[PDB]
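For reference, the chains in residue letters:
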Amino acid sequence: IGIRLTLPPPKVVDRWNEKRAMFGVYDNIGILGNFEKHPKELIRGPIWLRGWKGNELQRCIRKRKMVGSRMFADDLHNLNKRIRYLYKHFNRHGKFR
Amino acid sequence: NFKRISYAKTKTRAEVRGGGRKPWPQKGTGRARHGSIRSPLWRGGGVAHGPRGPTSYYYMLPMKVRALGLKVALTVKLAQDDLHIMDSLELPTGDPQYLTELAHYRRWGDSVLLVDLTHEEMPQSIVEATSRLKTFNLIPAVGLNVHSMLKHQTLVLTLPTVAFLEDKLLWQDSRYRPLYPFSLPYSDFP
Amino acid sequence: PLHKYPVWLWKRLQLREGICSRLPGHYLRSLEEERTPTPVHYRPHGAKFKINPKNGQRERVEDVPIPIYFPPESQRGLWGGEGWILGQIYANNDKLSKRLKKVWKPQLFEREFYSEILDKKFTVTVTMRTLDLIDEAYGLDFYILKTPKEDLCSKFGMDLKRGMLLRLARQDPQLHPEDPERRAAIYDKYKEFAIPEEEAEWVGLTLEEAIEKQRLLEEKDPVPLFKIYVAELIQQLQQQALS
Amino acid sequence: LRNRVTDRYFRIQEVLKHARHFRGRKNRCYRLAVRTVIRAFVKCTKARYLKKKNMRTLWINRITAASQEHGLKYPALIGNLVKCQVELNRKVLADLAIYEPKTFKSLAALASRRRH
Amino acid sequence: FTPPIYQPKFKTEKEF
Amino acid sequence: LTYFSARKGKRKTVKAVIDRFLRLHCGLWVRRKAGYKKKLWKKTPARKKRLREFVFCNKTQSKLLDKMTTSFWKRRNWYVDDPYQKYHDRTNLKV
Amino acid sequence: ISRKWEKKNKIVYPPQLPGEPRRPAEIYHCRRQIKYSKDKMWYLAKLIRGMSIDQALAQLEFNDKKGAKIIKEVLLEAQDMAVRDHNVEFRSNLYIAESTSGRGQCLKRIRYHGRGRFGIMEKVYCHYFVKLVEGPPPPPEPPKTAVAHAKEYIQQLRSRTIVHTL
Amino acid sequence: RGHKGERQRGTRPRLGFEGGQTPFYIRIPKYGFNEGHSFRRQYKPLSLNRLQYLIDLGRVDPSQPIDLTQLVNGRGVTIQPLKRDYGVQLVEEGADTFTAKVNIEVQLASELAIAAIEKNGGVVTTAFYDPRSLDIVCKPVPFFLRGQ
RNA sequence: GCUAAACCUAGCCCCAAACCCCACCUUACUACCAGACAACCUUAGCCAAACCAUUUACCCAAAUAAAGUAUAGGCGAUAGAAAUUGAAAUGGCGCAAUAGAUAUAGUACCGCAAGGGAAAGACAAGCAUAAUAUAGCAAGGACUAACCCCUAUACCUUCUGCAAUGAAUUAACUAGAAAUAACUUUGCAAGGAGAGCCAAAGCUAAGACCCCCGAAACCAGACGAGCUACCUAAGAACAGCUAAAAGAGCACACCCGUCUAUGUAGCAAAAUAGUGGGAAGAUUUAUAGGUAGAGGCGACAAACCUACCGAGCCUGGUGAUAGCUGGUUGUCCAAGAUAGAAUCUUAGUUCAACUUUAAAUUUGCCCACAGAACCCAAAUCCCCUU
RNA sequence: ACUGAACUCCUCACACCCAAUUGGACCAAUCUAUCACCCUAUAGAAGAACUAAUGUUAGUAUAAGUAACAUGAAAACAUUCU
RNA sequence: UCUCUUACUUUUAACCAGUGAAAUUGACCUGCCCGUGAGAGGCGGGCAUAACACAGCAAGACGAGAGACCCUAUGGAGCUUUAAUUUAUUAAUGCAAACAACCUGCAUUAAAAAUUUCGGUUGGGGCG
Ligand SMILES: [Mg+2]
Ligand SMILES: [Mg+2]
Ligand SMILES: [Mg+2]
Ligand SMILES: [Mg+2]
Ligand SMILES: [Mg+2]
Ligand SMILES: [Mg+2]
Ligand SMILES: [Mg+2]
Ligand SMILES: [Mg+2]
Ligand SMILES: [Mg+2]
Ligand SMILES: [Mg+2]
Ligand SMILES: [Mg+2]
Ligand SMILES: [Mg+2]
Ligand SMILES: [Mg+2]
Ligand SMILES: [Mg+2]
Ligand SMILES: [Mg+2]
Ligand SMILES: [Mg+2]
Ligand SMILES: [Mg+2]
Ligand SMILES: [Mg+2]
Ligand SMILES: [Mg+2]
Ligand SMILES: [Mg+2]
Ligand SMILES: [Mg+2]
Ligand SMILES: [Mg+2]
Ligand SMILES: [Mg+2]
Ligand SMILES: [Mg+2]
Ligand SMILES: [Mg+2]
Ligand SMILES: [Mg+2]
Ligand SMILES: [Mg+2]
Ligand SMILES: [Mg+2]
Ligand SMILES: [Mg+2]
Ligand SMILES: [Mg+2]
Ligand SMILES: [Mg+2]
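Protein chains in written order, with the UniProt record's numbering: chain A, 32 to 128; chain B, 105 to 294; chain C, 2 to 244; chain D, 10 to 125; chain E, 41 to 56; chain F, 94 to 188; chain G, 41 to 206; chain H, 51 to 198.
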């Protein structure tokens, strides 16, 4: 019974809408534009992870460092608790030493 | 993937509302031992290993590798007869129907990527023709990329774009190891 | 979500809004500016750089002030920047021993001080440091007028400062009435500290006191619209008659 | 619930179809069905030895009956046929006993003669 | 001694 | 050790290792012998000579020390008059 | 929920050829959400299974169970609709081809026990279904005779093959 | 993860713990192998082989004075002032085949390297650079963009 | 054919940007008399250090880099800079009613209180049709044939191995998160890298790898003396007889709870019936108030402090910690075994041994002689051949 | 003598019977890119697979139609009686 | 009470009608003797054996649900001390500080406490 008895409504995808059609444009902004701009400057997203990557602990540390003062109170409390938990887990748990 | 930022996030058992008190004592009730009503085992509880916050997938291939990818894409289009060089993108009219019919007559693909040197000097006729088309996409030379070259069946380049691309991609060959970012002044680099 | 501004900037944003914005500029600048108080409970480093003996290299050194607790009783007295040191010690002064809570309190005395500018004797709870500072300044009035707010660290001290500054700014004849020569002698002695009265009115005011002062200054019972409309109608009739 | 299983119906049915002829809830409930289906398949795999073992036992029983009809004992029949270089196997000998009694009579007579 | 646990009333007060 | 520090997210170096072992760049760790300064009056001259020596570590000891130090301690250092400059590299080594 | 029993009265068969036996009328009726246990209803349904309508009504009129009156009302309604809407000539020319009880939608209540403990009482409801077929009740299955038993045994004996051989 | 135990629970003790026995990395006496390592001056070697190679390939122009800026710009040496590099030391390796007349300014120079440089008719001088001046010399363009 | 089964948007998540009439502090939601009390004061502890006792990251006011460097440190677990350097600017490879907010709602409901806190809206299991036939993990081999014949000691987990653990059943949900190196595949190559870093073939990039639930606890801050303990203020009750101003006698009301029986998911999370003790007192009792958790109160039973007090309850630290228990989900193949040392250690761990993968190279195992001690057995070691 | 194994042979085919652990070949479903445009392919991802935690929630069984529960009598339904 | 139990009444009970739980439950097509295993409905050898209700019983189902005994954990908590560490706080003094009171700092001694621990081998414990 864990199965739907009707076909789901058809999902139509426009492969040639503007977003898909122009996807990838300016990814070579650096090597084709005399390196005035780095391609990572094209990234739109959270201010604390534009052109940067890390595990959950590093992401949380960076978020606290960069926008911690602007965070809501309980969100910041949750982030502090999460950093503490992730520190304990990554530095004290695991199969490997 | 390098631009990707997934915004999926789940609440852990620490972040789900409530769930402080121990539901029932360890022994006596005949029920399983539990510490909170928000553990992952519970309905409405936390997620043990769900997605965590906005995660970035950012990484950079070496710029030599990226330039080589551009070169390989160009060679592939040329070898498979999908590359067409134009003297200019000037059109007799800005009518999209003319452009579509021209591609159909010349047996171009269902999708065409037209590349002009710079954004400003692109002819108004081709600008108007391509602004109304979905599979005919017009980009400046600085916007050329492997993903769009592969998405579009045919690649149309102007002669200035060809010269520009040759210069930029060949510069990656025979260039020194950088002393500092190339945005900074160099003796011979514009 | 995220706040547009950092939460630690919210007080400054509030100061830039409402009646706090209507507060006078010099008072707002006095609030905003913060200077480190003169070291009292710790010995400052001599220089900015020091040759640490362990490796013989030149390392930067900073003076980190000891957190001082000022009980509310201090605001009614003149403690020369001295206060309670709420800290901890290692028993027998070795780090491998127990760590104990320790409060160091200053020795407080009751002394009577005569203010020349105020021609009044104040009984003030005081410290030996405050007595030494007064001696170095050559008198209570000089100590009060020279010592900045941070080093003075006393609401009573800042009120004395405001009183003396207002007396100087107004050249108030209430200082030794019937003795103008003595009054002028006092004002000449303390001439260098004189400031405009518009500024001396706001010296040493807490933010809440300043807000109340501004509200009292700008509180006006609304003018009846009868008067406004009569003035407007008379002006319009004058214009019509002239034209 | 980013990724959820949608095939669980078919995964369950793959086992339930093999369980449909069982007794009780073993034919309906997957928790019980899967245990009995695994046992059924293990039995099926192991029974290929017992099928061969029992067929030879059946052949030997039938040959013993047919040869006792002619006064021979099964060891005598088998051994003397081997000594006469007749390489008929037990399946074939049982088939001859059932369906060609005169041929089996000839084989029994031959075995007794060889014995004598 | 373990005190009895009462289930929420809504489970048993439901009506058509 | 700390695999991810709480302030930088970086891996930390166990400074007890740095205070005790020298790493030759090729991957060898040198150490002193335990007790080389202890009660020398009751040790034979041969034992004292053995104790005064700088000694290499095992493969597994070296692997442990490599894990316990970060890549900074495993770099090429061109010190002026390093006594271990010649020992920083291996020569004529077959497998 | 399901309401297929109600729909079974709305199926229209194609007209029968003159050289075709007359199709007996079939009437499906039900009562839903009877305040009664389906397990208790099953005995009454089983009792009146296979009987003529009049015999079933007579049996139910003198049965002490609460469900007997409900089943009698359902049967009377089915008889009425059989005559009015299903073109059944005679009221009494009907027999209960099917009579079953089904679970209804039930309500949960709390039953207080003695030490602050409780049980979950279920306010049980049941459905009741009848199919009435026009005609005399089919004769009961005759009991197996010794002759029939012996015939079956001899058929089994004759069915024997020589197994696992050519 | 194995059967039950600390390792299966994921709570095995820290790296270097030996079950309570005094660890290997602690039972060894402390010795000043790395004392003052971060204050020792480091000099990147520039062998005469490397210098001749750079001159031969034209990455370093011997017709002009050769200093650390020219070596870095020709990519003949990589200096890391942050890693306590105090400059370049001339290295005698390749002296027997050095045949270039050069005016080179280095920070250290071996006697044999000086001898080779001078025998070829060149000049070598050892000049000191503090860390700040060294950073500026190695990467002058970023310093010029600092606007100081 | 019943029960059911299914559905898709109600909304939600993460980013970006932007800085967001009247009544009511008395018993709140109470039209209307003498104020004055008016606030400020290091967190601790869990935890890590495999105990613990010094110690053990935590909105910082530019990311990166310097650098996990200098330093600090039972110099150990771990902690950890700065000088200097200088980043630009409306969306979803998010959920779709057990998910996503707890949320249709902080409602219902639970609690004296602080607090806790839901659910849901659009032919699965169970039954019926249709009970059953000798014999047995319920099937398999079969068979003309369901059974009869023959074979067959349920599953998981924990034990050395069978006993023990868990499982009514269905549906849904429910558990391997990552670096130091390596290896593999690209790029470039004595250089690599989009500053910093590494480099005696390296460097850059990617790919692969480190679970879930559970204590008793500890500390902080609240909430609790409408139960109970004791107390305060001001009340009330105590027939009749005997005795005579009584911590008197018998015995109602009333209070209690000796013994027995019933009851034992009960009428009751301590009751009922009889019996029994006190019943003008150190009595019982209504009302209002007070004492608060390492505290209160105690005619001391560690008793009582809102049914679970050798130390309340709630929230938070907190996803405490657990060397202990339990669990740890597609298919298929392959290799794969008992073993010494140290250890506040023998329920664990680290090294060794074994084991697996990849790689390089050349010998490896078996062993015929010869050979291995004096004091005074079986065999073993060693290695040309093979 | 015969019977007697998964031993061995025979016809055919072969990677297709160890715990922990380790190496490998495949792979359901989902989303994304591009296809296919029919219900798939090549890739990239991930809250990516449950016969088992006295697991959580919901449904329904079993015990079981069992334990247990309840309304003094007649009547003219006025009333009367116990 | 008993020898030594009996009779009757009420409740319960059983049947009819209405309503309708709980612990429990791997699945069960759920026999006996002997053997095995250290203890068998299910294993071996024998024996027995059409199929189902209802009412009883309590030998078995290591019956159910709780509990007791022992051992362990570098798990808690409590208690006591001539266990270790402290004296932050109070109380005394002493010395400085402020000029006797009062108060600050530094010491010493106590009171009251606070924090923490419980190595290994030897049926257990004592003494070893
Ligand atoms: Mg919580
Ligand atoms: Mg949720
Ligand atoms: Mg386990
Ligand atoms: Mg183990
Ligand atoms: Mg610890
Ligand atoms: Mg919800
Ligand atoms: Mg079904
Ligand atoms: Mg169980
Ligand atoms: Mg009270
Ligand atoms: Mg009386
Ligand atoms: Mg009395
Ligand atoms: Mg009392
Ligand atoms: Mg006592
Ligand atoms: Mg309580
Ligand atoms: Mg845990
Ligand atoms: Mg194998
Ligand atoms: Mg020890
Ligand atoms: Mg252990
Ligand atoms: Mg055989
Ligand atoms: Mg074989
Ligand atoms: Mg999952
Ligand atoms: Mg399931
Ligand atoms: Mg389960
Ligand atoms: Mg029932
Ligand atoms: Mg019963
Ligand atoms: Mg009853
Ligand atoms: Mg009944
Ligand atoms: Mg037995
Ligand atoms: Mg059994
Ligand atoms: Mg019975
Ligand atoms: Mg039990």
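It is worth saying that the hints were derived from the structure and are not from the lab. One thing to keep in mind: the hints can contain errors.
Over the 10 Å line for every Cβ pair with chain A, so calculated as not near, a few chain B residues [claimed, not checked]:
#1 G134
#2 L182
#3 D185
Only pairs whose alpha carbons sit at most 27 Å apart, straight line, appear in this in silico DSSO-like list of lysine-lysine [unchecked claim]:
#4 F:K135 / B:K115
#5 H:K54 / F:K167
#6 B:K107 / F:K167
#7 H:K80 / F:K135
#8 F:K156 / H:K133
#9 F:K101 / H:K54
#10 F:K141 / A:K126
#11 F:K130 / H:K80
#12 A:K71 / B:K175
#13 A:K112 / C:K5
#14 H:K133 / H:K54
#15 A:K71 / B:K131
#16 G:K75 / E:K49
#17 A:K119 / F:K160
#18 G:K86 / G:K112
#19 F:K130 / C:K55
#20 D:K26 / D:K52
#21 C:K55 / H:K189
#22 A:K71 / B:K255
#23 A:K71 / B:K113
#24 F:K187 / F:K152
#25 G:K148 / E:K54
#26 F:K135 / C:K55
#27 A:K119 / F:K135
#28 F:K101 / B:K113
#29 H:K80 / F:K141
#30 C:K55 / F:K126
Positions of the beta carbon are idealized from the N, C-alpha and C atoms, including for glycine.
| message | Holds or violated: H:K80 and F:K135, Cα atoms, limit 27 Å. | response | Satisfied, since the Cα-Cα distance of roughly 22 Å is no more than 27 Å.
| message | Between the alpha carbons of F:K130 and H:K80, is the straight-line distance 27 Å or under? | response | Roughly 11 Å between the alpha carbons, so the hint for F:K130 and H:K80 holds.
| query | H:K80 and F:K141: Cα distance at most 27 Å? | reply | holds, 18 Å
| Given pair status - B:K115, F:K135, alpha carbons within 27 Å | violated, 66 Å
| Are the Cα positions of A:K119 and F:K135 separated by 27 Å at most? | violated, 48 Å
| Keeping to a limit of 27 Å between CA atoms, is the pair of F:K141 and A:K126 held or broken? | violated, 42 Å
| field | Hinted pair A:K71 and B:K131, Cα distance within 27 Å | value | It is violated: about 57 Å lies between the C-alpha atoms, which goes past 27 Å.
| message | With the threshold set at 27 Å, check whether the alpha-carbon distance from F:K135 to C:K55 stays at or below it. | response | The given pair, whose Cα atoms are some 34 Å apart, is violated under the 27 Å limit.
| Regarding the pair A:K71 and B:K113, is the alpha-carbon distance no greater than 27 Å? | holds, 23 Å
| said: Check whether the Cα positions of H:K133 and H:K54 lie no farther apart than 27 Å. | reply: violated, 47 Å
| Assertion that B:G134 lies outside the chain A interface [Cβ separation over 10 Å] | holds, 30 Å
| request: With a cut-off of 27 Å on the C-alpha distance, tell me whether A:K119 and F:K160 pass. | output: holds, 19 Å
Checked against the numbered hints above, the structure breaks hints 4, 5, 6, 9, 10, 14, 15, 21, 26 and 27 and satisfies the rest.
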